[PDB]
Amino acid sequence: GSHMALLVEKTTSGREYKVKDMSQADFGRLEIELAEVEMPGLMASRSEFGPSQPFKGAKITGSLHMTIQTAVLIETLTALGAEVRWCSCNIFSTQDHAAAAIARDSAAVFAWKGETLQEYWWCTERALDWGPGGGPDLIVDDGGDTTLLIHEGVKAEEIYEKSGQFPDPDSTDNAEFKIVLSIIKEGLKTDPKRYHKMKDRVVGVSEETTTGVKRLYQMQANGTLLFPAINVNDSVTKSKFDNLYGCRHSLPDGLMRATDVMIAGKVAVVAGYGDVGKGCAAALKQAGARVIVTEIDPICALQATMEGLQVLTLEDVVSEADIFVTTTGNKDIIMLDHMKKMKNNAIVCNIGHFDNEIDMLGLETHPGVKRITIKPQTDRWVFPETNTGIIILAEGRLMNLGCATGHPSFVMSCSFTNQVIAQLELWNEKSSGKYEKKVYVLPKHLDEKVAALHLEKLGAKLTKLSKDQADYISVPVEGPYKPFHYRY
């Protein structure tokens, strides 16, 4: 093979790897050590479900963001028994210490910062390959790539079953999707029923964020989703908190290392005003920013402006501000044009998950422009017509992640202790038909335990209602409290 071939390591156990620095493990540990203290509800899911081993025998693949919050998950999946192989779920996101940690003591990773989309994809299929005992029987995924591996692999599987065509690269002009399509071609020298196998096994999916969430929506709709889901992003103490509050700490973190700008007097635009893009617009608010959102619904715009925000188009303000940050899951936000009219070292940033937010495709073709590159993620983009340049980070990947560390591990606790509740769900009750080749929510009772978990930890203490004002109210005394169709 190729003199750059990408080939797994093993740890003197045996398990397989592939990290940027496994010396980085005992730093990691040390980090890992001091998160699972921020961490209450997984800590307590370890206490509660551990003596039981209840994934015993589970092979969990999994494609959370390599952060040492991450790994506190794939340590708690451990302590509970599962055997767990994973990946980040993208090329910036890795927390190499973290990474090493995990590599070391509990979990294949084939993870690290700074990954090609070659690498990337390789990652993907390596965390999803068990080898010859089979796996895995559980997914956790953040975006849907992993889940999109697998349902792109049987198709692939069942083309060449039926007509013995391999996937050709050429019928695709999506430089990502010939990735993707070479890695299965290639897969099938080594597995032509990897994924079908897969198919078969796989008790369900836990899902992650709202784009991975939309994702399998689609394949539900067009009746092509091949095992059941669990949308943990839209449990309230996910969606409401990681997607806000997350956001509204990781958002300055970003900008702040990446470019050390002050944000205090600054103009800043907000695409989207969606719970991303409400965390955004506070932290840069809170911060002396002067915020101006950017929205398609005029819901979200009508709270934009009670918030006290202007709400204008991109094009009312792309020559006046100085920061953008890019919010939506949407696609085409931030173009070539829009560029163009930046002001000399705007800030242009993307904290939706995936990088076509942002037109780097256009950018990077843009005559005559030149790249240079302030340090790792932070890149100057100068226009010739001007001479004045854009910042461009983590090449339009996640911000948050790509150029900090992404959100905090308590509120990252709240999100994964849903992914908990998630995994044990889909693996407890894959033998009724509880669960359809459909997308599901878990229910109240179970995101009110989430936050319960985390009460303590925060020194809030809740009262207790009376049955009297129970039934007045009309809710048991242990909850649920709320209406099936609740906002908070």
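Rigid core (definition): largest C-alpha set, two forms, superposition within 1.5 Å. Positions refer to the first chain, counted from 1. What changes on going to the form deposited in another entry:
- Superposing the rigid core between these two forms leaves a single residue from 253, 322, 176, 191 with a C-alpha shift of at least 2 Å: 191.
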The other form holds:
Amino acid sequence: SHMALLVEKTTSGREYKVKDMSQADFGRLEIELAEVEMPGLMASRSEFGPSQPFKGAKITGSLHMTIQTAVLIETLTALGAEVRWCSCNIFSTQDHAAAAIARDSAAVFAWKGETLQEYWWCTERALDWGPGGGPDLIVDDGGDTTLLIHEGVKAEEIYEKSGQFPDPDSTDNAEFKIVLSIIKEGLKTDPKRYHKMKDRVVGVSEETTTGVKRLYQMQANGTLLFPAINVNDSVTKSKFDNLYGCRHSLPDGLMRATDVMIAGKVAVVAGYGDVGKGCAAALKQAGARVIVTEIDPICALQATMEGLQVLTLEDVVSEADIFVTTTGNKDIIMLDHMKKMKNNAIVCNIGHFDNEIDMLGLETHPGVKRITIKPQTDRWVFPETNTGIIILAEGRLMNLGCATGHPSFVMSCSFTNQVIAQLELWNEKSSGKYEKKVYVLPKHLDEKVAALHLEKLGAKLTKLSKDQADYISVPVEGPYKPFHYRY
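Let's compare: the form deposited in one PDB entry is above, so bring in the form deposited in another entry.
Below you will find a single chain and nothing else.
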């Protein structure tokens, strides 16, 4: 890397670190377009702008630094917030979005193609509100910022007693060694950094399935330090972004990274949850023959109902042309599988982290060679066979890494939920309404998010008469469905 890990500042004194500030004008042009595609965000600015509900608030966000996220940030700032941000993936930043935000609106520490050390430095920077303290609020995607704070508190409690430091030797996970080393270094400067932080944090709102999994784990073990709102599981997030967003951005990533024809191919989708449903839909609708793997018999049965074959990976590894992992689990596509794939099979992950595909096993395979075709398209050649596979985005989120992730309209659904969650936490900061638990937004607000997006599309809703509303036992104004309704 040529990056020097020293913050820069705007003329006004606001910190940042981005690839290229000269891209700000281009960022602004695309943000202007995105705004039109994001009516829920823009409506939120109109509704809440006058009252400046986030005046005086300090918000840290660790969410992919895209054009979409720029619109979200500029909604928080339109509402009065001061904001610091980082990306939650080393390849997901759109550098022009980051530049525009750094120039005009918020402190940003993000660039496309970070190293893992840089990633974690940016995370620290986004949390670093200086001696006065902060953040008041956190917007998280995947849970890494939340993780750092919780791990930090734990380390601080040990250090305070015995003077023991985290030891990277205690983990075999190369990235978690980084984390432990950063926590150690922080103890050596301020051994109560995270204590002070957690005592000020009003809450976190979490974007994605994997992050929410991490939250429920912390709830269950009594370690969660502050309230959390699960944004993922709003209906208007999970059943839109995860599904329709990947239906858009999976083929976009494939096409940009490889230009491969999807029609006529065999594609394997590991998992058939919301993401796998959307990926399988895209591949099928592009003319691929899609094979699904699953552990959940209900999801497997759904896939069969949709005309998809359900097999185990071992039955199709030498046949398939394209492999997509969507599971949120580890150890889906191992080195042993990769070695059996046809020459130039495309292997990618749209789920989580770097461990759905066995990138560790690949990189450490004796005699393997990596040929970079272009950024985020790598061909790995095996010495036994002298054939190769194509790995996208080093096994990290392929849609954001190889293309631009989901489009604005669907991200407006997700991010209107984020605004609503942040407003709820902040408005209730002094009320005691929320405990140190995980909450979801109520149905009437989930419905409001949908309703805010109808006019853009020309969708005309019918109004119940009072008689009709009574007949199905709902209010005229909703909510319209029972608590456990699945849509």
